[PDB]
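Okay, here we've got a single chain as structure tokens, the form deposited in one PDB entry, with questions on binding and movement later.
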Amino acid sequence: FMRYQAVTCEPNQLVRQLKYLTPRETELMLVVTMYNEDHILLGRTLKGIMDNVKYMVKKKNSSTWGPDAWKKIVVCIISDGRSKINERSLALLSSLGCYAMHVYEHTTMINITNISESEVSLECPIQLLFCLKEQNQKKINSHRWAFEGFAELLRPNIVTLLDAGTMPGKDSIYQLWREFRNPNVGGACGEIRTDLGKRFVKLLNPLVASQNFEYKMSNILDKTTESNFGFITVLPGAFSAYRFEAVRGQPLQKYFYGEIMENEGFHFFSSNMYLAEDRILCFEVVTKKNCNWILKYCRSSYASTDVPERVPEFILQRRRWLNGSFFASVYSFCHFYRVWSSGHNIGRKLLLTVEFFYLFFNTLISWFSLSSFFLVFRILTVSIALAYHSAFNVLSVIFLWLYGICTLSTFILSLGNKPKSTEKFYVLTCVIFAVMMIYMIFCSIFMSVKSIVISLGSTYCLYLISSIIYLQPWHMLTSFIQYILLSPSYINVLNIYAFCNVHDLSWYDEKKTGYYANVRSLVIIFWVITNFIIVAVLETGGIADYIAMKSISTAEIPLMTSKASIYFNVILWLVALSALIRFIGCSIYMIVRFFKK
């Protein structure tokens, strides 16, 4: 029998698991967010999930799992908007027997075992729950339905979040479950790999090989470092898991409804916490009152994602990430004091205070990223031009003028225009920034051999020793940095478009838009002016004029200022310190895991 349920009231006022002779246990609930993904995309996740349940059922020596393991997993497919959905994937789900909200629950005895370039094969259990929405709402609404709703019907021990188009490994979800046997854990997630295509073909699209080294090394370094301390910045939306009893109560409330205490007028946080999504749950769980919850990252579980392969949609995607990380870090740091109001033991409290300071340190770096790249590029170019001379001086003003035209055009196109409409100019901007990176690397090697080299070798060797330690080093030659030429475009074209588009305006609603416009246009000017105060302490902005005039009072301006070398060696010292901290975190994670095992 196939059943169906049409939800009509919000989750707060709102499953088959509970509707059973013996109350089933949601030992793990996997939430599949699908907006308008291609049939192959959404099919990929469900295909990866099946194999996981197969492994969970054919195990022998386990008190929790076994031949009856299939009962205690529920897969919820939360679809966002019927109108925009692709009927191809719906036909796929109907072949499985699975096809203001709709609810479809069925038990599919058939498994999808083959997925070619265009054909998916079905042959002859999985408890599927296909939740279909009526009208498009932000993903936060889907999470609202997941947590305010079906959680309290199911009473999950664990809740796992998946995106359609993501590949849970052959054995990922079971390894993810094995983390919560330790009672002090609150959340866990799995490493995300990029789909480099059959025979590593997509490794061609320079972007698909720039996001590959950006996902591989992020999973190698940041997740392990954060999980050592106890609070992981982002449980990634692709593949993450929270214990329900941990998140239950205050964290759900302040993640959904915003900061409760609010007047009619808007304040900063209570009116700007939408930017950081699924990054507030971590904070409100780890620093809970009278609780000692920890966040861990599970290495033995992996999921391989799809990546956008053309520059416009790349920028549109990363603008969400940059704003989320900024607002979440600023909030969670500005409320670091309640870490000490929790139930953590004193050692845990000290560890979490240290780590929160570490994250705010990282965000303070990512805010000065724009000026840091400009001064690295500009001092690196002027240095070769002021020692090599030759075609470097013309290439210095040429690249400066190219950098200026591209950057000014990036502000103007971000503020006034849209990315899809000017595609070839972005491709040219990325190529210009890539040849700028080639020029900076050329200057690096040339100046080094004719004489920074210690620090560059040290950071690359830390990368390599950590990458091999993680047992995934092939990426470091899979084009990686060779295709990381997109990095210049990571620092400038993505940040500019991110902060120039903080709030994603679409002109109670009008006053809301006006206030958001003012906050947007004010964070932009603070970004620009603070970065330029750093830049001007190069001594731009009439500061060199001022010093020259003072000297005249008792001359002419110099071209280079030690402040650039101090700011040049501080930047490298600082990035080497960050790499060293992350490598130490990964090494401790590995030693602990291997010793325990």
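The term rigid core refers to the most C-alpha atoms you can superpose between the two forms while keeping them within 1.5 Å. Numbering follows the first chain given and starts at 1. Compared with the form deposited in another entry:
- Here the rigid core is superposed between the two forms, and of 501, 479, 304, 329 the C-alpha of 479 is the only one to shift by 2 Å or more.
- After superposition on the rigid core, the Cα atom of residue 62 is displaced by less than 2 Å between the two forms.
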Given for the second form:
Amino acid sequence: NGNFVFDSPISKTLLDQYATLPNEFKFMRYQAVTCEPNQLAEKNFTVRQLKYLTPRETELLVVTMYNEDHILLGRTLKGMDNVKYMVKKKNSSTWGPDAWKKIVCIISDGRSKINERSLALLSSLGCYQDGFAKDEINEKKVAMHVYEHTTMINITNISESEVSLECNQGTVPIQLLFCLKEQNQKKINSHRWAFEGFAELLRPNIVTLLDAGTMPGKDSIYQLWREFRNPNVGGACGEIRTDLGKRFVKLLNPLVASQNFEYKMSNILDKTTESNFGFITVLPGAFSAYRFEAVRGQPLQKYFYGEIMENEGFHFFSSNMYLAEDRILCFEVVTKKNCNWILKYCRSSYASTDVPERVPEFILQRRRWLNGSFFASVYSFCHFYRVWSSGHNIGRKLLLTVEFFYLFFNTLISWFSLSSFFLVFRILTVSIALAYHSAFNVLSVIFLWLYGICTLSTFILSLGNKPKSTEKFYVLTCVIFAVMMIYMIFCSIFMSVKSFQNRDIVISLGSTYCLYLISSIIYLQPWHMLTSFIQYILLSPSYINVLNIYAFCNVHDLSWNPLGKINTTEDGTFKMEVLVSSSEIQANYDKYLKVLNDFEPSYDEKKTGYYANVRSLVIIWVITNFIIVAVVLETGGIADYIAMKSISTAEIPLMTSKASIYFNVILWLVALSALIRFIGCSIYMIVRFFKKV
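Could the form deposited in another entry be given as well, to go with the form deposited in one PDB entry?
Partners and other molecules omitted; one chain follows.
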């Protein structure tokens, strides 16, 4: 039909296990796509599911990959376990002995970057054969290499070294569909291929987004698909668990134990609370599910292209919304016009992913998350009236409004954290010295200077340099801040012990831990509340001061005729035309005489200019935090101003009463959020328990 397709046989060694035979199993199809992802249908491209005597009707998985090795891809593919569980499911109206026919997509990204040890595994499965890729077809550049087949072998064990494949009477067929882009176009393009391309052909019911390296549990995909029984749910997500290795031998890295605790409390407290209202801020791209009908239309338009209505110039939201990439989908689904979709959190389905283990990789990873969450929250709050233009009933609309206000309260608290941390630190360290005089004077001065030097260097290195160039310094900074936090804990314990012997710093901070602990107990998963709490506490002054500074200082990732030839022989003789005619010489001379007598750059450069002027206006964050510091501590010359006024009608005081008032406000304002999230987690568990009963 004007398109290039090919159909090769597989190696007879595969046939040896396959016999232990239809046209689906013995052959593979290589369609080569050259068009745009949004044209597969009208360019006469098909897939094997639409070719049979009765076309197959798909019920359910996109696995994005870039350069992951074969162990990560093996883990994702092994998590085949879900498909096997779903065929062996007996008492069901949707799944049964032939369930695999209703489940189908591995989107690679560029041939140069792909790890050929993973192409090895894809070929072992039988979904790729080298030899017949075609880098252009009839003056049209190929864009996609689509291999398809239907294997019989399953990954059954994964050591640290090898992936074990087998083909028995107990394995189940898998309808693989391997897409190979010839070039890296970033993840958004891959999702573009998955949603605007093959999803329009297959017409699935649910689209589940996995991520190479993420291993769903033995039932997790089934438990996620069960969330969509409710005809209102539009998206869903499950728990993401840090992979702690064999014998939990990766819970030693303090950067991995920190992330384990952080993920675990994010799931227990934040996600259940959000799911009560009906709008989860981010559905993780490593393990999420969308009802296809829910996202078609406005959500995908906003995700892939952006706010289309725009002039030639740049606008804030329209030209910056690309920084909140996969979080636009959630907001546009929940607030869709004339539809009542909601987002649900399923805690019965988990997936264990791999986390960064070195400080530079970790910083670069969180640079994306922090900018995405900040821009997404600003967009959600500045556009929350859309909630009232949607189709929900009035109760749900009120709940969503309350949740949006609570989420903005949280983002504001997080914006003022640079100053909250310093103020708590300096108020506490000066107060202990004023109380006891012994050696806390010198430590107060020393720690002020250490904080100042580390913060100065973090601004300078993040604005100018790159984390890979200077890793020793970032490790040293994290160690310095850990020691500072230890000193803060010692000071609080000392002050409280002496005060008891002779106060609210224990009634508020103790509640936050007791409430954290009780929420973990309610969730029936408390084992992180001791193995990894200390690392989080110690690596927490660095999540406030190093990841935030780097995140805001690197918002946008800026990036600032042949008129002759002479060939001669060994002798060196040749000739060409020479402008011999003196009239033409005079003509050229008069041309230059008259030339003497006749007395914005690229859109890319203009866009880079705009992007770099918006990264430099958000940092100048610093002023609004210093305003708080100056008001409370009376820095900035304000105390001098008050003293001079008193003289006009004197001496400056060491520590004032604004410090006490503020340092109470922060402790109770951080106890309040823990209280709210504990109540939310309790409601979630209780409602789930009644519905299960």
